[PDB]
Amino acid sequence: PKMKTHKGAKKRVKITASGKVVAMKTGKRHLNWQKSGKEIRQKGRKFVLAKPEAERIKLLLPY
Amino acid sequence: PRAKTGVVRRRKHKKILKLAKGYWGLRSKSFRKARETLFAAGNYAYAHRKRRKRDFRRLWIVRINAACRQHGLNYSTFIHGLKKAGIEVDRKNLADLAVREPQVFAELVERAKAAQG
Amino acid sequence: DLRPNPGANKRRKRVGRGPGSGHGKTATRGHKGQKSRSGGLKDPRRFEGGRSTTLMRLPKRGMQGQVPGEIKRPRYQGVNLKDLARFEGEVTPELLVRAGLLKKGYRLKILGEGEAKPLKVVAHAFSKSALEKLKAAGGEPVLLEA
Amino acid sequence: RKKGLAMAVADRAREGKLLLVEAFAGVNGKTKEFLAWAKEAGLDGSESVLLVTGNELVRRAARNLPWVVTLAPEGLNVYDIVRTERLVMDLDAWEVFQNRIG
RNA sequence: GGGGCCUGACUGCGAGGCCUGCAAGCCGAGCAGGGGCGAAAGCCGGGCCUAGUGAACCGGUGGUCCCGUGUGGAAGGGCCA
RNA sequence: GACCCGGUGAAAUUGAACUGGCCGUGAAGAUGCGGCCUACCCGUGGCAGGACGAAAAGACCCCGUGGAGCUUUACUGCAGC
RNA sequence: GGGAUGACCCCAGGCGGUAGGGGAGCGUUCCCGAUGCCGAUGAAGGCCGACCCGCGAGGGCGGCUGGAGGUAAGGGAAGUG
RNA sequence: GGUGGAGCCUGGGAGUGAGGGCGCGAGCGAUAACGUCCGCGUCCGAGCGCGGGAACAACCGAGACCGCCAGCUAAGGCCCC
RNA sequence: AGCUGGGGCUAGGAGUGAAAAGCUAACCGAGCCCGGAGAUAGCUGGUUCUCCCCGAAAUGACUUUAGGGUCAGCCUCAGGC
RNA sequence: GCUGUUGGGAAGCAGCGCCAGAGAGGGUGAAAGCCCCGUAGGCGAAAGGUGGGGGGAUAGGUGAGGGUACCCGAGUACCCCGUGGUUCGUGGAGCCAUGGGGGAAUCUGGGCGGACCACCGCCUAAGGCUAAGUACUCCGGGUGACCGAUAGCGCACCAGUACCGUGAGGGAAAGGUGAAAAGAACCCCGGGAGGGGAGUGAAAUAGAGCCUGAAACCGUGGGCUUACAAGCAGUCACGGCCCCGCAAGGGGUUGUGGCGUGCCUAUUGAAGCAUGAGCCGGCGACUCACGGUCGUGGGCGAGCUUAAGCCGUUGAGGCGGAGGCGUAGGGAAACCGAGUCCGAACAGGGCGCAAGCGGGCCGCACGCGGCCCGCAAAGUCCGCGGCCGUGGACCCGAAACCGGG
RNA sequence: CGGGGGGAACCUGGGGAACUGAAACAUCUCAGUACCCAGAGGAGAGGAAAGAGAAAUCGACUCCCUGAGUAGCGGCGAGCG
RNA sequence: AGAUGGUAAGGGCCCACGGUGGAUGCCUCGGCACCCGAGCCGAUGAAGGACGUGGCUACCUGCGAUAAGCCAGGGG
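As you go down the protein sequences, you meet chains L, W, A and R in turn.
Residue 1 is where the first sequence starts when you use this note's numbering, and the numbers rise one by one after that.
Residue 1 is where the second sequence starts when you use this note's numbering, and the numbers rise one by one after that.
Residue 1 is where the third sequence starts when you use this note's numbering, and the numbers rise one by one after that.
Residue 1 is where the fourth sequence starts when you use this note's numbering, and the numbers rise one by one after that.
Be careful, since some hints might not be right.
[Unchecked claim] Listed below are the simulated DSBU-like cross-link pairs for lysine-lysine, each with C-alpha atoms no more than 30 angstroms apart in a straight line: (1) R:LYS2 - A:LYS10; (2) L:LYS11 - A:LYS103; (3) A:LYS42 - L:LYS46; (4) L:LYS46 - L:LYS4; (5) W:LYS21 - W:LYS53; (6) A:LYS42 - L:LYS7; (7) L:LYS11 - L:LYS51; (8) L:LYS20 - A:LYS103; (9) L:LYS58 - A:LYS72; (10) A:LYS13 - A:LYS25; (11) A:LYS60 - L:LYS4; (12) A:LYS13 - R:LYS2; (13) W:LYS14 - A:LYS25; (14) A:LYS103 - L:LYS7; (15) A:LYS135 - A:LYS104; (16) A:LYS42 - L:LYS20.
The set of hints was computed from the structure by calculation and includes no laboratory data.
Could you put together the complete structure from these sequences and hints?
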C-alpha cells in the first residue's frame, strides 16, 4: 500500500528549495567541558551528498 | 491468456536433431547430446576453415620442393630466386606447374637460379 | 481515419525486460550473480552496514509536539501582487481562491514584487515594504473573519 | 476525451463520409422501410455506417443491419466513429455534440 | 630563564583553504562589540607542535524574547549555555 | 547354492562412450592432454587393484549475529511460597 | 560530409569478452481489425524438404498425413520460449 | 603538442567489495613453500580463442566481425616423425 | 519383584519410567494431524528465443563486520559542456 | 428460400428473390438471417412465498404565562489503587471502560472542553428499543483480451472415492469411434486369444480406452561401412561405393591423412578423479497492487486534476472541485517575507529570488503589439518503461516456534 | 408457549498465540492477527449526544471518498497511526 | 619373392515400414473470476446418513414397507 514518511528523519533535517538536505552540525550536545568558543560556536546547519539523496527518498509524501 | 508451451519446443528440438544426423549413438537421438556435439562441430569447423587455408599451403610447398630439388636445388633458394628475380607469381598453389607443365616449370627454375648469376 | 491504424505513437515501448534466455539480460537473471539478493536486501534508503545508519545527526526541530496534538492556528499564505496583476476591479479572497492561490488555505496575506495596479485589494495583512507599492494608487482592506 | 471526440468527427468530415440528416420519411420502425431511405441518400451498403440519432424509432431499423452500427447521441465516442467507414448524424444528436465539445 | 602589568582559556562572525566515502578532524587573515599589554609598531579568539578521547537518543541544572490544546495563567516543551 | 538346460524373471546404478600400459603433464593421484609401448573382433566362468567405484547434499572441523535439549550466584520475567 | 534529407550511395576509423548497462528483432497465447477473409478443390497439428527470403531467432513454399477449424496487414494485452 | 569508445558537469541502472601467476622493490618465513602480506606493472580473471613452449590459466608472439585451394611475417624453427 | 487373556485409567513440556533421556503406534533431548504458513534462510541450487554496441570488480572507510552490507572507486545509458 | 452444381454429405460455389423491433448463439452429414431450437418484441398463475411500491385502519401524540421549589435512573457519579481501549509505550495523560477501597447529590446539581485553577462555553450518565444505506456467497442466473484434460475445483469420468493411516488426517489416476452402429452374418487357422478374406463406412494404418499420433525406446528389410587395431566420437582434405539430375553440381556412407580436454554449476583455477543430469515428452522460476523516483509519448498550462458517488449504456459515456499536487521562501517557533535565520550590528555568512525568446505573424499607428511556438518561466494529468518502498515480491528447500485437535 | 442441534463465508461478544520484524534481543512488531468458545441473522453490530472541539460552530448511527501517511505515538528504533 | 581385393558372428551411420507410447492440435457434458439475484433449516424431528425399495437389478438417481412412486390444482 501507501508509503510512510520517516519521522526520525522528518524530526532532524530540513529539506530546502534547491532540493538540498540541511541539518544541524553534530558534535555539541554535551561533548564539551572546554572547547575554545570557535568549536562550540561554529554550529549552524550544513549538507551531505549521495546521502541527502538517500534522505529525500524517505520524506516523499512530505515532499 | 495462458501461453502454454505446446508446439514451439518440439520444433526447435527436432531442428537440432536434424543438424545432428549421422552422429554416433545418442549424439543423434538426444536433443541434449546433439546440442553439445553440434557446438563442438561448430568450432571444429570454424577453426578448420582457417586450418584448411594453411593445410593446402603445406601440400603445395612439399610438392614445390620435391619438384625443384630433383631438378637441381632446394625450396629455400628456389623461392628467393622467384623473388629476387622479381617473379612475385607462382603462388605455391599454382605451383601445380610442377605437376602439369614440367617444361614450363623447369623454365622458371632456370630463370630462377639464374637470378643468381 | 481507417480503423486498423491509429497506432501507438513513436514511444510506447512495451519492451519490458524478460531476463531468461541465452543472449540478453539472462540466466542469473539480468543483474545479481553473488548472494543476499534472492528475495530481499535491507534498504538502502536508510539502512545497513550494521553501523550508525547516518542517524548520528541530531533533531533540531525542537517542537515535535506534545501528545494532545498540533495547535489550531490561523494559517497565512502570502501572495505576490506580481501574480495579482492578472485581473482588475475587486480583489478579494474567494474570487482569489477559485482563481489562483489559497484553495481554502485559510487566510490571505499579500506582498510580492513588481508593479502594482491601482485598485482595491482585500487582504488580511500587508507586508510593510511591499505595501509602499500600493501607496502609488490602490486599496487597503484589513482584518475580518468574524 | 474531447479533443479526441472532435478530431474523430473531423477525419470523417474531410473524407466527406460525414453527413447530418434531419428527416426520416420511411421511419415507423421498420427495416424494409429504412433500407430504402439509404439508397435515396447515398447509403448503398458499401460503407459500414454509424447511426447516431436521438430517435429510437429510427434505430429500430438501422439496428438489425450488418453494415450498420446503431447507437445514440449521449453514447458518442471515438471507437465507433473509427470502426465505421461512413458517419450519419441527426441535428438533435449533433445539437448536443457541440454542447459537449465546445 | 627572570620580571611588571594582566585574563584574548573573549562575544558575534568568517574570506580562502588542508584533509575526506560519510561525519568528523585541522588552519585561518579580516570586520564589529568590549578589553589586556606597549611610547608606538603592534600582538593576544589558551598552551613550541603533532596523543590527553566518544554520534545520536534519554535525562539534569542554569538562562531565554519562542509554543502554552476554548481564554488568562499554569503543567510540559523549544532555543542558547 | 554357484556352473549347463527349459519356465517365470527383479535391483541400486546410469552425461554420452568407439573406456589399454608407462614416463610426463595437468586444479598437485588421467581410459579421455603429450611422447613412447603395446594391442585381431565378441563373449563365458572366476579375482577384486583402479574407475578418487555404489550408497548417505560429512555424524569430525569450521562458518550461520541457524535450531533445539541441559546448567547456574548470566539477564529478565512467571508459577509457587 | 551528401544535402533535389534520397535513413539511398561515398571518405575514414571501430567490431574477443564474464558480472553487468544499453539497442533493435523473432516466436507463443489472448483482443480490436471481424455480420469481413482463408477452408472439405482440404484448417490447425504432424511427417519430410538438398528449394526460396533473414546475420539469427525465424519465415515462405512443395509432397505426404490429418479431417475442422484458422485468421494479414496495423496495433493491444500477458500464466510468453 | 595531443580530436581520443579522451576528458568535464547532471541524472537513470549496475555488478564488484573470495582474486590469481609473473617481474621488480620490501616485510614475515629459514632471502623454504604453487607460502604470506603491502607497493609499481603486467597478464589470466573475462582472451581455457589462435602460434611457439612435447603436453600446460597467466612464460615468448599476438587483441579472434565473416568468407578465401593468395601473399609478408612475430615468437619459435629448417635430419625424420 | 513370575508369565499371560480379557476389561479399564494416565499424553506432549505432559504422561510413564527397578532410570536408558528409555517407551508413549516400525527413526522421541520433547509424538502425530490440520492450521498460523507461501515461518525466516545475510546459505546451496535453478533461472527459458536471437542479434548488436560498450564493458567492470575481487581495493578504501566504516560495520556484533569478516563468504552480508553503506558510501567512494571501476563499468554503462540519456542530456550538457 | 427453393433450385442447380461439387460431394459420402451443402449450409460451399452459382442464378433469382425475401424477412428483419428478430444479422445473439447454438444445432443440422462441411461454412445457413430466410431448414430445426432460439433471438428482438409481446402475453401468462387456480396454488405458495414475496409485499406500505399505493391508499386505509387504528396504536399513539394533541396546548402557552405566573408562583412553589416535590422527581429527574447508586454501591452509581466522584476520588485513590490496579489494568484495558484511543495516535498516546509513564508521559504534562485528560477522555471512555472497571477488579479493589472509600463513597454523594437531584439543576445554587453533575459530566466535558487532554494535569490543575479561574473565567467562558458544551452536553445530561448510571433503563431499553430502533428500519434503510455496509459485509459474505452453499445455491440460481448472467458476462469474460478466464483454462482447455500435467490446464481448470482435489473431482469434466459413480471422487472426498480408490488407496494410506489405529485415529485426527491424507488423498489418486481416469475424457474423445463415426454423419450414422452401419460395431464386422458367415467362412478359413485356433481350445481360446488373436487374426486372414467377405461384409459396413467417404475414411477401418476411424474396428471398439478406437481422431490426431509426436519423442524416448523395440523390431524386419535394404543401401554404405568395419575383425593390425588408440577414443568427448567430431571437424577439415582428398578417395572408393550407393543414389535422384540433360549438367555445372548435390546427397547418404566411410577408407586414409590433419586438428581437437563433454554440457552445466561453482571457482584464483575444471576434461577434470569437483557439483548436477539414464533418455524423451509435458509442468517448471523477476509478476501484480498501491506509494516513490528518474526517463519518455501525448493533453493543458496562472495552471493542472479529479475521488467516492449521481443521471447514461449494458462492450458509450457524462457529471461530480470534497480534495491533491504547483504558484515563495527563511526560522525551533512566535513570525517576517524577496527576503529570512544567527546577530547589538543599513559586520558577515547560511539557505533564498533575480528567467528568458529564434520569432511564425500582424492592426500598414514607421509601433514589434503580441498571438504562437520549442513547450517554457513552472508545473500538473493520463500512458509506457528502468530502479526504489510495503507486501509470501525470482522459484524450490530447513532444523525449528505456536494453536486446536 | 419456548429452548437444545445444524449452516460456505459474513457478524458480534468472551478468551487469545508463536514464527516473524527489529538484520541478536527483553519494551515495541507480528496482533487483538491465526485459533478456541458463545450467540444472532439474512444480515450483524451500532444508534438519537453526560458527543464533537473553537466555529456568534456542528447535531443519531452505520458506510465510501477525502482529510492523511496528516496530528501525533515510538528501545522517538524498527515501525504504528 | 611382391601387391590390393574379399569374408560379418556382431556392431555403426542413413532410408523405409511397423510396434510400444500418448505429446500436439482441435474438442467441452467441467472449472475459474466478477456482477446482479436471492438467503435460513429443526421436537410438525433439521443437516447428514444406515437399510431398503424395480417382475429379473451391481451401482448412481430416485423415493420410503403407499417406497424410481400417492392425492389435487395449474401447466403442456
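To see whether the hints hold, each was checked on the structure:
1. Using a Cα cut-off of 30 angstroms, the hinted pair R:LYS2 and A:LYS10 holds, with the two alpha carbons roughly 22 angstroms apart.
2. This hinted pair checks out: L:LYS11 and A:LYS103 have alpha carbons roughly 28 angstroms apart, not beyond 30 angstroms.
3. Taking the CA atoms of A:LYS42 and L:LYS46, the gap is about 28 angstroms. The hint holds against a cut of 30 angstroms.
4. Our distance criterion of 30 angstroms between C-alpha atoms is met by L:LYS46 and L:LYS4, whose separation comes to about 26 angstroms.
5. Taking the CA atoms of W:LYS21 and W:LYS53, the gap is near 27 angstroms; set against the 30 angstroms cutoff, the hint holds.
6. Distance hint between A:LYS42 and L:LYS7 is fulfilled; the C-alpha atoms sit about 19 angstroms from each other, no more than 30 angstroms.
7. Taking the CA atoms of L:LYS11 and L:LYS51, the gap is near 17 angstroms; set against the 30 angstroms cutoff, the hint holds.
8. Of the supplied pair hints, the one linking L:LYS20 and A:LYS103 holds, its CA atoms being roughly 28 angstroms apart against a limit of 30 angstroms.
9. At roughly 27 angstroms between alpha-carbon atoms, L:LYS58 and A:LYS72 fall within 30 angstroms of each other, so this suggested pair holds.
10. A C-alpha spacing of about 17 angstroms is found between A:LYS13 and A:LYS25, which places the hinted pair at or below 30 angstroms, so the restraint holds.
11. Proximity of A:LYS60 to L:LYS4 is assessed by CA-CA distance (about 21 angstroms); at most 30 angstroms being required, the pair is judged to hold.
12. Among the hinted pairs, A:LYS13 with R:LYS2 is consistent with the structure: their alpha-carbon atoms are about 26 angstroms apart, no more than 30 angstroms.
13. Between the alpha carbons of W:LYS14 and A:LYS25 the distance comes to roughly 27 angstroms, so the proposed pair stays at or under 30 angstroms and holds.
14. This hinted pair checks out: A:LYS103 and L:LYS7 have alpha carbons roughly 27 angstroms apart, not beyond 30 angstroms.
15. Between the alpha carbons of A:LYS135 and A:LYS104 the distance comes to roughly 29 angstroms, so the proposed pair stays at or under 30 angstroms and holds.
16. Distance hint between A:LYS42 and L:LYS20 is fulfilled; the C-alpha atoms sit about 25 angstroms from each other, no more than 30 angstroms.
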